[PDB]
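What follows is one structure encoded as structure tokens, with my remarks underneath.
For this view, one protein chain was removed and the others were kept in their places.
Letters A, B and C mark the chains in the order given here, with residues in each chain numbered from 1 onward.
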Amino acid sequence: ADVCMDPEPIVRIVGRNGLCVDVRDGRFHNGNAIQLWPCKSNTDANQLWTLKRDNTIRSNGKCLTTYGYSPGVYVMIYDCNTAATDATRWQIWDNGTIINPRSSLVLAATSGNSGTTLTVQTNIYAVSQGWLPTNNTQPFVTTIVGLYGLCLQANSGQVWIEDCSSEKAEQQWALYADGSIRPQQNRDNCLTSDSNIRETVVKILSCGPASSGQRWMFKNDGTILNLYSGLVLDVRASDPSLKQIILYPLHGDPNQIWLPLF
Amino acid sequence: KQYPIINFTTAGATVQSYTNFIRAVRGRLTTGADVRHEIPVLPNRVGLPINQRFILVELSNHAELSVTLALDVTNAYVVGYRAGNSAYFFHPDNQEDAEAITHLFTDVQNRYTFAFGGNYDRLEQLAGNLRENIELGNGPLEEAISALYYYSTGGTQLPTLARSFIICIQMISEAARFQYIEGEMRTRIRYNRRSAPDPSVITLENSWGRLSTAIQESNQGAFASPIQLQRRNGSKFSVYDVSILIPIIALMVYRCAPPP
Amino acid sequence: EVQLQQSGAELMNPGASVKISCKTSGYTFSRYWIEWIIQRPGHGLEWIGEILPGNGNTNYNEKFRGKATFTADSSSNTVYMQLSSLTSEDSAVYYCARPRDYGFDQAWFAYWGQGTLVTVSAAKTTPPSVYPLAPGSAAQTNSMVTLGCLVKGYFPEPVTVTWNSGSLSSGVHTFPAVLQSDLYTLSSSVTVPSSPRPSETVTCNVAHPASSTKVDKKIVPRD
Partner (left out) sequence: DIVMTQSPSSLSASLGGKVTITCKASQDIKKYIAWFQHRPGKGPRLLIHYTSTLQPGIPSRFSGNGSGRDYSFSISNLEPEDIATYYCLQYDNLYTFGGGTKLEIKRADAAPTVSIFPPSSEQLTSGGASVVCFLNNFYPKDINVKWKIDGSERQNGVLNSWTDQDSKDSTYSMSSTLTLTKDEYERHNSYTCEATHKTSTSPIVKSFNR
């Protein structure tokens, strides 16, 4: 009917621990640090990013730029049409990763702390590498309903399935912009698996590490993908009374299908 | 040639038969080829020959009353039904919808055309009720078909006909477009609770047109402008990106050809 | 900073694969890219591709998409490129290089490797027959008497020739080889004064690495 002409939307970039992609202290000189910072509620240019049509991400005329093409170098703010033309190129995948195309190295927040400088690290699809461009800052607070129409309920350090209650403590989850799934009681805790192995009962640990085992993606087929190891959320032997939520290869049975009910 | 028929009954209604029904209905609405941001889109509506344009969904309550619905594959909306000798079709907005609808029920004694559209507004106006007071679930669907089948005999109340259509479109069409609505009916079937929809479902049904727009001209997944949605308690949150919406929308209407 | 070193020359059967190596040393091996450049006659230089050791990412010139395959062994601090289905167009000198730093204003080419010659030919190796050449007599005199060696009948391409193990560098003209109808031959001329004609020992040292054979040769005056 036409060509899907695309816009350049001004946006903030929320990532690890809900902290925005921010230009440090507002100064825009070539080489200043792109840091992590609490998401401002105003029109300060040092947090507002135009997703330009040429796969470049600009805040106030200057480009989100990697210093180099090696794991470890930091991401700075630089004059677009002065620096290397592909040190400013980025893509934003549907799974959350924002990636430079020269080397697969991905925008990451190596620490979950404020004032932390952004870098580019080798892509392990981790919590410290998941990003989401939005102007909505707060995470997504919903309930997660799975097999047999029962709820996902984090108790203290255990995730299990228990029939849904309108306000029970606690089955209300916050889907963060870094791919983590956090019980709203303690926002410092993530849906975490200790591997990178198959069965691996999923637990609830602190998001401090921001590891590849705490980042997830709600896929189109109703599964919740680990984004690493290619494993989804599985109810072990389809038995809720076991209180065992596990990782397992995608098979598509009701023990792997989920729907977020807000 | 003949169109694809997808059957379903509301007597042995199990959440597995409802889930399987909406799945097989999905398998004919889209080739599955055109997929954007992991959300499949429906065909072009341009260059679809008459033998690729529609699918059929056959219903049975019990009683023995059978009703076969007709879905415009280009948008997966119900366009008409059949009750034996008779067949009825909504008012087509333009030509090539008026002569394509001719090829739906060729086998009837004869077919009749309404003077109103299938849009919820002209459908609520004729129903004397809004969607949030028209109950949905296994119960109302068994009641919508008996009112639909009995229209060929004429012994059906017209508001209960518009009340029946809204039940039929929501639990089939909107349940196909969104997995979220597919669950909200699967949830009701699981507990035998006839219930009117949440405001969270109503907002999605209106927005399916707009959502399919912003998701496809999004440039990386980031909308040009936000879309306001509602919660189980009518709320204010706005969506700025697709990744959150991926597990909610399963079908989108074709908007424009993708970047070459 | 220090160094990169590659493998010796290679001869392959047309339609096979050969894996050139590039041994890196002196710098933190994992955090720097390794480059590859082809050089065949008349074609000058052309960028093949790059591989980053330690994380296995790649970037290929599209002309070599399917020809090249970069690999890096984290154990022995090395990088390998492999050319598949070698025709005669793949016969060239292949270089490996590094950037200077992490980029991007650095990360221009520095720290090259000495290059590796791949010769694609059906023929098999043949050690060289080295013939000396004194002026004979053919008297003659004077100022500076010239001589050299005749490295005829070898294959494949690379041979290094010296007098005497490298000590006689000023006055040597080692000529480019020529493919004998199907073999390789060349000559190398060194002029030296006429007083060091019998006083000195004009030994030419011809080394063939592809046959693993080496030949030293005194140039003793003919009659």
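Some observations on this one:
To be clear about the criterion, contacts are C-beta pairs under 8 Å (C-beta built on N, C-alpha and C of every residue); 3 or more make two chains touch, one makes a residue touch a chain.
From the set C:114, C:125, C:195 or C:201, the residue in touch with the chain omitted from the display is C:114, counting the whole complex.
Touch with the chain omitted from the figure is made, among C:8, C:56, C:136 or C:196, by C:136.
Here one chain is not drawn; of C:20, C:92 or C:150, the residue touching it is C:150. Summary of contacts with the chain left out: across A:81, A:166 or A:241, the touching residue is A:81.
Residues of subunit C in touch with the missing chain: 35, 37, 44-47, 50, 59, 95, 97, 100, 104-105, 107-110, 112-115, 129, 131-136, 138, 140, 146-148, 150, 152, 173, 175-178, 180, 185-187, 189, 191, 222.
The set of subunit A residues touching the chain not shown comprises 81-86.
Methods note: only the chains that are shown with their structure count from here on.
If each chain is reduced to the centroid of its CA atoms, subunit A and subunit B end up 33 Å from each other.
In this assembly, the C-alpha centroid of subunit B lies 73 Å from the C-alpha centroid of subunit C. Here the CA centre of subunit A is 52 Å from the CA centre of subunit C. Of all residues in subunit A, none touches two or more other chains. Chain contact summary for the complex, subunit C toward subunit A: residues 31-33, 52, 54-55, 57, 59, 101-107.
Contact residues of subunit A toward subunit C in the complex are 66-73, 83-84, 87, 102-105, 122. Per the touch definition, subunit B reaches subunit A in the complex via residues 15, 37-40, 44, 46, 179-180, 183, 186-187, 190-191, 200, 216-226, 231-232, 237-244, 246-248, 250, 254-260.
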